[PDB]
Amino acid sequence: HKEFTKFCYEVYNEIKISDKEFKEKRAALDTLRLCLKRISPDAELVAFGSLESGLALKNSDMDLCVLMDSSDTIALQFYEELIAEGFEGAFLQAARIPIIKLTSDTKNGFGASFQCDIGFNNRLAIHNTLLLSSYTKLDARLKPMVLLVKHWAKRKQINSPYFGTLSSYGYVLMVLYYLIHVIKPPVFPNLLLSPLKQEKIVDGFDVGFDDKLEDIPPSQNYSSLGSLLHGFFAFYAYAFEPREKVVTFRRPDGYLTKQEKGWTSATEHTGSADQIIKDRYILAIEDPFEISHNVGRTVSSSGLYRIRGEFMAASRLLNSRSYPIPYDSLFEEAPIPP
């Protein structure tokens, strides 16, 4: 597995975010914080997502949150203040939920490349990010592995939730589930199920986990990055059974069925126009903190087929005995599904 490992680190250096790009995004966060401070002093602007957890690809987008205690006008007023500051953007309202999307920066020196998403009181997203940051700190192998999977999923056109496949966060959870509960010895302990974990309730959910990393013993797993990646691909390709099983972080053995979960069901809720929005559980990934949410709800039968197929193709490629193996095929673009 040594040469594949070499390949992975080489690609990882290519696709990871530069310090320079990281610096510019950081500066942008500061400028945006000033704008919020002028109109609301007590309000806070918080970064989350890939950039905050160090799990970001090149040219990633910022995910930010404006949070406040106890109001309805601040979303629009912020957007207006941002436009006035020379930013270019959109103000979006759907299902009574407001979002701000910045697409360019004309005055402060970030250029037209600048892109940003701002949301309001998304506390759960912040805590999800905190967990991911902890694991990223825990083992050096996690960051390259996650980045490569993200790159792989994007290229194989299985990273489009709106078109039937899986979100980036879902794949990270798949990786994390594999490292904690599948591979032996475990790369990771389960921080949620730790003895030292203390209950913390935010928005009616337990978001608490053991975040005292220095007291956590070193990993008993000494596999190379290439070895972890191959095993991860092979597991979902063959071992994992999506029809009966749930990806979860709430079980010591990581064993949960949809039947016990109650996610065998196809399920419906009504949108703002009272259309039927069906929640599929064809792929079941139970969000670590938001238990009700299925991160995999977006996957469809055609979608799961494509995802599983790429997993098989990846495994077969790495398992292949016809040297020299074409590792670059792993990241070559796939014909886009019509």
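Numbering follows the first chain given and starts at 1. Throughout, rigid core stands for the largest set of C-alpha atoms superposing within 1.5 Å between the two forms. Compared with the form deposited in another entry:
Note: rigid core superposed between the two forms; among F114, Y79, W152, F235, the CA shift is 2 Å or more only at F114. Taking 2 Å as the criterion, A94 counts as shifted between the two forms: its C-alpha moves by at least this amount when the rigid core is aligned.
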The other form holds:
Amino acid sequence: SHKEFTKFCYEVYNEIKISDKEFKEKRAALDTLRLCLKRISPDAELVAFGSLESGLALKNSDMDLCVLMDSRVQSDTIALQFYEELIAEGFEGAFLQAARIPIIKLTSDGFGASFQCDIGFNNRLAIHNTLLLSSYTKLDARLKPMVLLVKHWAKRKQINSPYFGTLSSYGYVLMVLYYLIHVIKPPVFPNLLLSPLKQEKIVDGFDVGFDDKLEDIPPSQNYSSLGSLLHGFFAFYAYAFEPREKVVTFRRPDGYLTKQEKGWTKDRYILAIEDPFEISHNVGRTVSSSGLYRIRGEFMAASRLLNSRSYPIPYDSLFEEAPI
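Having seen the form deposited in one PDB entry, the form deposited in another entry:
Here we give the lone chain, stripped of any partners or molecules.
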């Protein structure tokens, strides 16, 4: 049970994870942008966040960067100077000024036409979200391949499109973490936000505090295989999770929170996933009725495949490209 599925899981993981060549290319891109920035403003710094930073990136990943500056200095000149410099160094793309905040979206140039890099300014909340995810990936070796396999599945099944009514990759990562912390028994992970060792840390009006002294955390008491974990994850969201009523949350000791209790009955609450630090944000706000239908449909198809009576089980079907 799951030994063969586990073998398959790791094989796929090693095929879909970002290659050493691509990683050093992305690192080389980051070093260039940091150079460009250093000449515009020595005191500022360029921080990477998201998948590339936390080690949860698939092949051909895009970049997500953040520029940090003192709050007294009006960004306008620095962000636009940086954009001008990047255009001069061969990148192409957009500068967007929207609601008093600037964003850079680079689209071309290694690094080629393959290049897609989003640059924000003083997006500290995203940095802290990534720090939490990075911490969990350091705590247990099973998490990185589990996340990559789920992201790969969601992309292949066309349920990873927040603009077409389904769910962001970050959403799926939080669904995985919720399952590993609050559903599976024994837990794979403790809840680092609710730990007695957690200290309040207020950043931009939110508490981003969590227990980050990972060295002192004992080994997981869950000894199940990657295959077993995945099998469990698909079954939970296929059958047990009740999206009409319940909220995926990192703020309850037992993981129990209803939409009514939360007060989450164009932001949708069809699928409700409470962001662990920015708790007023529903990461699932992009999911529509038809989108949830397809997401639930694919969880059931995945779970049914993994429990097939027919041998041998066509495990490759799990990552088979869906129509539409």
